[PDB]
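Colleague: Read off the chains here:
Protein chains: 2
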Amino acid sequence: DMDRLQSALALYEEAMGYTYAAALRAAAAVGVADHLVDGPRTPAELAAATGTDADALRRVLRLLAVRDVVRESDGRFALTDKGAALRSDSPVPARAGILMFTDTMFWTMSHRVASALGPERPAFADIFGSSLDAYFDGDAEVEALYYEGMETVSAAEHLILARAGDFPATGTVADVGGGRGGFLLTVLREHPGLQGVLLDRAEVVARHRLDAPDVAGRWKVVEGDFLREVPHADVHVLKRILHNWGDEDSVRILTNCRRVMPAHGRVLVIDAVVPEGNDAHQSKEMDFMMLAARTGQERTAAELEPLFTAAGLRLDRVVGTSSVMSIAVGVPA
Amino acid sequence: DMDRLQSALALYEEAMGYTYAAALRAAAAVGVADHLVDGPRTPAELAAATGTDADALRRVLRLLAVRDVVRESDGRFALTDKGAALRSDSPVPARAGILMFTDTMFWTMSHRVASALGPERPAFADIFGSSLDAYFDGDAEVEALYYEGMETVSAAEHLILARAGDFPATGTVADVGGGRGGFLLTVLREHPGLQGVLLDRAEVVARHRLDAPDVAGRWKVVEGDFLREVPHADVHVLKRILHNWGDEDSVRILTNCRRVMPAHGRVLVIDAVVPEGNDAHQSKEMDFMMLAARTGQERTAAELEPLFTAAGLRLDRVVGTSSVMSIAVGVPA
Ligand SMILES: Nc1ncnc2c1ncn2[C@@H]1O[C@H](CSCC[C@H](N)C(=O)O)[C@@H](O)[C@H]1O
Ligand SMILES: Nc1ncnc2c1ncn2[C@@H]1O[C@H](CSCC[C@H](N)C(=O)O)[C@@H](O)[C@H]1O
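Heads up: the sequence lines are chains H and Y, in that order. Counting in UniProt numbering, the first sequence runs from 13 upward without gaps. Counting in UniProt numbering, the second sequence runs from 13 upward without gaps.
The set of hints was computed from the structure by calculation and includes no laboratory data. It cannot be assumed that every hint is accurate.
Some chain Y residues near chain H, calculated using beta-carbon distances under 8 Å [what the hints assert, rightly or not]:
id	residue
1	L17
2	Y24
3	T31
4	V72
5	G87
6	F136
7	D138
8	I139
9	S143
Quick reminder that beta carbons are idealized off the backbone N, C-alpha and C, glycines included.
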């Protein structure tokens, strides 16, 4: 509700919206949060500790306080609850994830999305000037950043999803493409009566972290290819899987689950399900980033349905959580 | 007010905040707004017109609807009031400004702000891989984008600032560094009794747009260097000037105004004055961008004061407007 000139002004403001993420990146980069654990400090004090230019660091912190990451009073900045995960002592430090989501690749590909809208759908290499592999094989520490980034990001949602998941008291859970086993581990710990099977590529399962004393006797691991087949289970789990795959592969994958699924069985597709409507939701921003990277797409509830039906399943219900992730529950149809 | 894990999740969300600006950039790039003037359209229809991939363009529009730039209903997107200035038929089209604020240079320098926090304060060339000149002299159309971008952005704030400015009914207004004269022109049109003098670099004044019939007999133009001296006036104006200059130059400039200022005279410093506090304000984001570009800084009311006093002026009051711009009013002290 505004005139054409105010429109322009509002759009100029929107165009600079990327600065916040830029500031967060810098803050996590220098690691100023660690020096705010003792209490509110001054730009000078924080600068000495970082160590950086005061007047400069100040202007970054000022913009971040707008997003309630820090807060200023009497010339001092304090770390807030929202900014807490910037601390290195955090169970799940946000640094790796922040540095990854704002990494050169994503930052660059997001910038060239205009070029990515081509009618024929250009590939990654077209837009970036290189292959994705060339990018990682060019800088070792960046490849390291994505592994750690992906690992911590998922680790932050696990407990929520384990408690929100409709899990049986006994039976077997197959985490299909479960990575290094983090989610399966959390699920086992939350439901003592469950057995678990981890499936993923050989090089991945070789680095799995399921072998903890408290879950001894409750898990096995399998090198496999969920495009070809998956293990039998009372409950199948597909987290951050389908969103990497085109439409037919997804059915192919879901079908592999249905094939080895019992009558009382269920498959849990866990992804950033995109809500219909015009309201803010992180699933939409993630979706944009997989648009920019020309690889992957986030789906809505109505979009998942056709895939379940095609796999001999019925999308019984989608279950929202306190995270961007939701659980699409499919049963034998 | 949240736990350490939710902190992480909230920070992951903040880290992706740049996607909105990326989407706006793409939307303005392809110019989809022009095809929404007839009414709500479908992603397919908009795609044919743009012309781009439907499923792709759809995902961009979806993210933009979150910022109320477009709006979806029954599979159709409509242009909203906030998005209106995306239309090419606008008095001040937002496209140039959007494309500039998200241009490669700013986008890149914002990304390397961590490197810019060095204790000794690195220069532009250090961080970008080139000089700023090399950048423009490397692409002609980008230099063209910044001129048009800067021109339209300022044009959008002029009428607001002309009406908000405390202008005498008669007398002479010197727009010191007034660019191509846009603001002075608007001021003249709003206050018929005023005379005006435009000062700027020779190459700039040579391209001034003050010569319109309706203000004949009311303006002259002067090639000059406000570092050395400015013309006598009942009212001096400095818009988007001081924020480019270090501290001493600014006093040097203000002093040049005071020198040729009458008893009843006043100097109007018009800039994105940064408000104290932790609340959102575009002056803070602009400030961050001049941090990233290693050139310029936005100031607060309390920061401007010392400069006025040092110039023989008294900062009488700062006057906020309906724009990010405010008017710091200095009088002879
Ligand atoms: N053809 C295939 N067969 C089995 N696993 C695959 C596969 N292609 C990819 N994957 C695995 O699927 C995973 C998707 S990303 C990791 C998802 C993990 N469940 C989590 O929530 O964190 C990757 O670990 C990848 O190694
Ligand atoms: N030494 C100098 N003397 C006079 N003008 C200068 C100058 N250095 C820069 N400028 C001019 O000051 C202007 C600042 S940017 C344009 C500001 C204009 N008043 C507006 O609000 O849109 C530029 O046009 C630039 O050409």
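Colleague: Are the hints correct? Go through all of them and say.
Modeller: To see whether the hints hold, each was checked on the structure:
1. The interface hint given for Y:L17 is met, as the beta carbon of that residue sits about 5 Å from the closest beta carbon of chain H, less than 8 Å.
2. The criterion of a C-beta within 8 Å of any C-beta in chain H is met by Y:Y24, whose closest approach is roughly 5 Å, and the hint holds.
3. Given hint, Y:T31 at the interface with chain H, holds; its Cβ is 5 Å from that chain's nearest Cβ, closer than 8 Å.
4. The beta carbon of Y:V72 is positioned within 8 Å of a beta carbon in chain H (closest approach about 7 Å), and the interface hint is therefore held.
5. The restraint placing Y:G87 at the interface with chain H is violated, with a minimum CB-CB distance near 10 Å, outside the 8 Å limit.
6. With 8 Å as the threshold, the beta carbon of Y:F136 stays out of range of chain H, its nearest partner Cβ sitting at about 14 Å, so the hint is violated.
7. Given the 8 Å rule on beta carbons, the hint for Y:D138 is violated: about 14 Å separates it from the nearest Cβ of chain H.
8. For Y:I139, the interface hint is violated, since its Cβ never comes within 8 Å of a Cβ in chain H; the closest pair sits about 12 Å apart.
9. Annotation: Y:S143 was flagged as interfacial toward chain H, and the flag is violated, the nearest CB pair being 21 Å apart, outside 8 Å.
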